[PDB]
Amino acid sequence: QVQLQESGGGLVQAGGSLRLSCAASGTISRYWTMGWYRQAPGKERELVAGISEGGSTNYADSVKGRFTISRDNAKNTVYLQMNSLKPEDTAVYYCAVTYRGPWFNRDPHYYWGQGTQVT
Amino acid sequence: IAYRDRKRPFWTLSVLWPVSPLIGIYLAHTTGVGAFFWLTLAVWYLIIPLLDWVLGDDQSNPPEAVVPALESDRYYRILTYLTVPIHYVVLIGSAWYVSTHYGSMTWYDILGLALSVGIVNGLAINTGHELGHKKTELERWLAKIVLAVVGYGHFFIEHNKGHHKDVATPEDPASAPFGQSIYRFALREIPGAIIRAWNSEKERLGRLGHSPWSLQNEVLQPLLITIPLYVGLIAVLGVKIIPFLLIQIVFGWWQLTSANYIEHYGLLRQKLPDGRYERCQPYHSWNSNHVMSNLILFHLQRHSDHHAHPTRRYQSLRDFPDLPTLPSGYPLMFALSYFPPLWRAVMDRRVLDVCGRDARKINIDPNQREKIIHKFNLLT
Ligand SMILES: CCCCCCCCCCCC
Ligand SMILES: [Fe+3]
Ligand SMILES: [Fe+3]
Numbered sequence: 003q004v005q006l007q008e009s010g011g012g013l014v015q016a017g018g019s020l021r022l023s024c025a026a027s028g029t030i031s032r033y034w035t036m037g038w039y040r041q042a043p044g045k046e047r048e049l050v051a052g053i054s055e056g057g058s059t060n061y062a063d064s065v066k067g068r069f070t071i072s073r074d075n076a077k078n079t080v081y082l083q084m085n086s087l088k089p090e091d092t093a094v095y096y097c098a099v100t101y102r103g104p105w106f107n108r109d110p111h112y113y114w115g116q117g118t119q120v121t
Numbered sequence: 019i020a021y022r023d024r025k026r027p028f029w030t031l032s033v034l035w036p037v038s039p040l041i042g043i044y045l046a047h048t049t050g051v052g053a054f055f056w057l058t059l060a061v062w063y064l065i066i067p068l069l070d071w072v073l074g075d076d077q078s079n080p081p082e083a084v085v086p087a088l089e090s091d092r093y094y095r096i097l098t099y100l101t102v103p104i105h106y107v108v109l110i111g112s113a114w115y116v117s118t119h120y121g122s123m124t125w126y127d128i129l130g131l132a133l134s135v136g137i138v139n140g141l142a143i144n145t146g147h148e149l150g151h152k153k154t155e156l157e158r159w160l161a162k163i164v165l166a167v168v169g170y171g172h173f174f175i176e177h178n179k180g181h182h183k184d185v186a187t188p189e190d191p192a193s194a195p196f197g198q199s200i201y202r203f204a205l206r207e208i209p210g211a212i213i214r215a216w217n218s219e220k221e222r223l224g225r226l227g228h229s230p231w232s233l234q235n236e237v238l239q240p241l242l243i244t245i246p247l248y249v250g251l252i253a254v255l256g257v258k259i260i261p262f263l264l265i266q267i268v269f270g271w272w273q274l275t276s277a278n279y280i281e282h283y284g285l286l287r288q289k290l291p292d293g294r295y296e297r298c299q300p301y302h303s304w305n306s307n308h309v310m311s312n313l314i315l316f317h318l319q320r321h322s323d324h325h326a327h328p329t330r331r332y333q334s335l336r337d338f339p340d341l342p343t344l345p346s347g348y349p350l351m352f353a354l355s356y357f358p359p360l361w362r363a364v365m366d367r368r369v370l371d372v373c374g375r376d377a378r379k380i381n382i383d384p385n386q387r388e389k390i391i392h393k394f395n396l397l398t
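Sequences listed follow chains B and A, in order. Using the authors' numbering, you'd call the opening residue of the first sequence number 3 and step up by one each time. Using the authors' numbering, you'd call the opening residue of the second sequence number 19 and step up by one each time.
Be aware that a few hints might be false.
Below 27 Å or equal to it, Euclidean Cα-Cα: the simulated DSSO-like pairs (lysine-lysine) are [said to hold, decoys possible]:
(1) A/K183 with B/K45
(2) B/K45 with A/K179
(3) A/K153 with B/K66
Just the calculated beta-carbon pair ranges, DEER-fashion [to be verified]:
(4) A/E296 with B/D109: 40 to 46 Å
(5) A/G74 with B/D109: 19 to 25 Å
(6) B/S72 with A/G74: 41 to 47 Å
Under 10 Å between C-beta atoms, here's a sample of chain A residues computed to sit facing chain B [stated by the list, open to error]:
(7) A20
(8) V85
(9) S90
Quick caveat, the hints were computed from the structure, so don't treat them as lab data. Think of the CB as a built atom: it goes at the ideal place given N, C-alpha and C, for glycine as much as any other residue.
Work out the full structure: start from the sequences and follow the hints.
Have a look at this one:
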């Protein structure tokens with residue numbers, strides 16, 4: 003059915019890199035944008051990454067330049083190879099995905115999951 | 019594990035509703051009967067409560083980690099910007115009706131059209147309150163423009179600073195004590211906001227040399243729109259529409275004051291030992307979750323979570339079934355405010371039960387304290 007499995011957690015040195023990925027499945031649709039959302043301690047979930055069918059980044063301005071998010075694999079696959087680790091950003095990450103219908107319809111179907119607590 | 023919406027297509031009925039007096043007029047002139055001006059007053063009191071009960075509760079509460087997702091679809095905010103303009107049309111067009119046809123109308127119909135446009139002014143304020151608690155510039159100036167059409171442009175400073183600092187507190191003029199009529203309350207309330215806002219911006223600017231009567235004042239900034247509006251509209255249509263422009267305004271202010279009444283009615287925040295007051299909490303605000311009434315007033319019946327996080331658009335506001343609960347949606351509770359004794363037949367007992375039966379947590383009307391404690395056996 004519809005769920006969002008992932009991989010990529012651990013503890014590394016501050017000044018290193020790491021790669022996130024979560025591969026969903028069971029898609030009968032083809033319009034959406036799959037994105038990351040991080041939860042800093044004491045912080046409401048802010049947006050980290052998410053890319054639209056065509057491909058257009060919207061990060062949060064604080065991660066601009068270190069994090070990159072790409073696809074190019076079997077369907078329901080997305081990557082985020084993170085780098086340049088700081089101890090100021092250390093959080094839990096949901097991998098989030100969305101959906102879409104004819105503009106007239108535009109019934110947004112949201113789906114969520116979490117894991118890979120960074121450092 | 020998904021948040022498929024439920025009300026998604028049906029938020030454009032909010033573009034519709036602000037035009038109910040106008041098509042009320044059209045219909046009442048084409049069909050040739052008379053009651054059809056009194057149509058908003060029936061929609062709001064008699065078909066939306068019935069329909070409320072006919073649909074049921076809501077089955078949509080957003081979970082926690084979808085808030086950063088539901089605050090990125092712009093549809094939910096374009097549907098408020100579009101509402102700002104329609105409101106001027108309703109006002110101007112209605113007035114031009116009464117004056118273009120004074121000589122075929124009775125006086126019933128005048129009072130009726132005035133009341134209808136008054137209720138729709140309630141919706142202007144509920145589109146100004148939703149576009150003030152924002153952190154952008156566009157939203158703030160739009161808030162002032164929309165509020166100007168009823169003369170309540172200082173709601174900005176008042177609501178934000180004051181209400182959000184001292185809700186549920188003896189010295190907030192909007193927190194209603196337990197044992198007080200909406201009439202004596204409206205007395206103590208309407209001058210409260212005005213006096214307070216004036217002092218507030220005065221003392222802000224005073225730290226500087228830019229004298230009290232300045233430009234940047236936000237209490238005398240939308241009067242630059244309400245003054246021309248009325249001087250023009252009136253001296254153009256002739257002095258004939260003065261008996262109808264006052265009725266609309268007073269009923270607007272009544273709308274706002276009834277809300278504040280039933281929102282935080284009777285509820286009080288505890289005092290920290292020998293210090294100041296305690297920060298707001300979830301169980302100091304009444305809320306409901308019926309469907310169509312929420313669809314009209316962008317979810318405002320969910321007040322506790324509003325105070326829980328002011329900055330959050332009306333699509334992430336959660337719901338809670340164990341915090342205090344009203345008996346019904348907002349229209350019937352309005353219809354019960356105006357008649358105080360039954361109000362006391364019902365919400366007295368509810369307030370005693372949910373707050374805790376004791377006089378250190380409830381806020382008793384500081385004009386009759388000894389009666390209010392002596393009867394309704396309480397503790398001190
Ligand atoms: C169409 C009905 C309009 C009702 C207006 C209610 C205004 C509530 C203001 C709340 C301020 C706290
Ligand atoms: Fe409030
Ligand atoms: Fe508020």
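For each hint, the structure was consulted:
For the given pair, A/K183 sits about 22 Å from B/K45 by alpha-carbon distance, which is consistent with the 27 Å threshold. The suggested pairing of B/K45 with A/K179 holds, with an alpha-carbon distance near 24 Å, which does not exceed 27 Å. The suggested pairing of A/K153 with B/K66 holds, with an alpha-carbon distance near 22 Å, which does not exceed 27 Å. In this structure the hint that A/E296 and B/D109 lie 40 to 46 Å apart at CB holds, the actual value being about 43 Å.
Evaluation of the 19 to 25 Å hint for A/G74 and B/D109 yields a pass: the beta carbon distance comes to about 21 Å. Between B/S72 and A/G74 the beta carbons are some 46 Å apart, a value that agrees with the proposed interval 41 to 47 Å. Satisfaction of the interface hint for A/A20 is found here, the shortest Cβ-Cβ separation to chain B being roughly 5 Å, below the 10 Å cut-off. Annotation: interface hint on A/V85 holds; nearest CB of chain B at approximately 7 Å, less than 10 Å.
About 7 Å separates the beta-carbon of A/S90 from the nearest beta-carbon of chain B, less than 10 Å, and the hint is met.
In summary, this structure violates none of the numbered hints.
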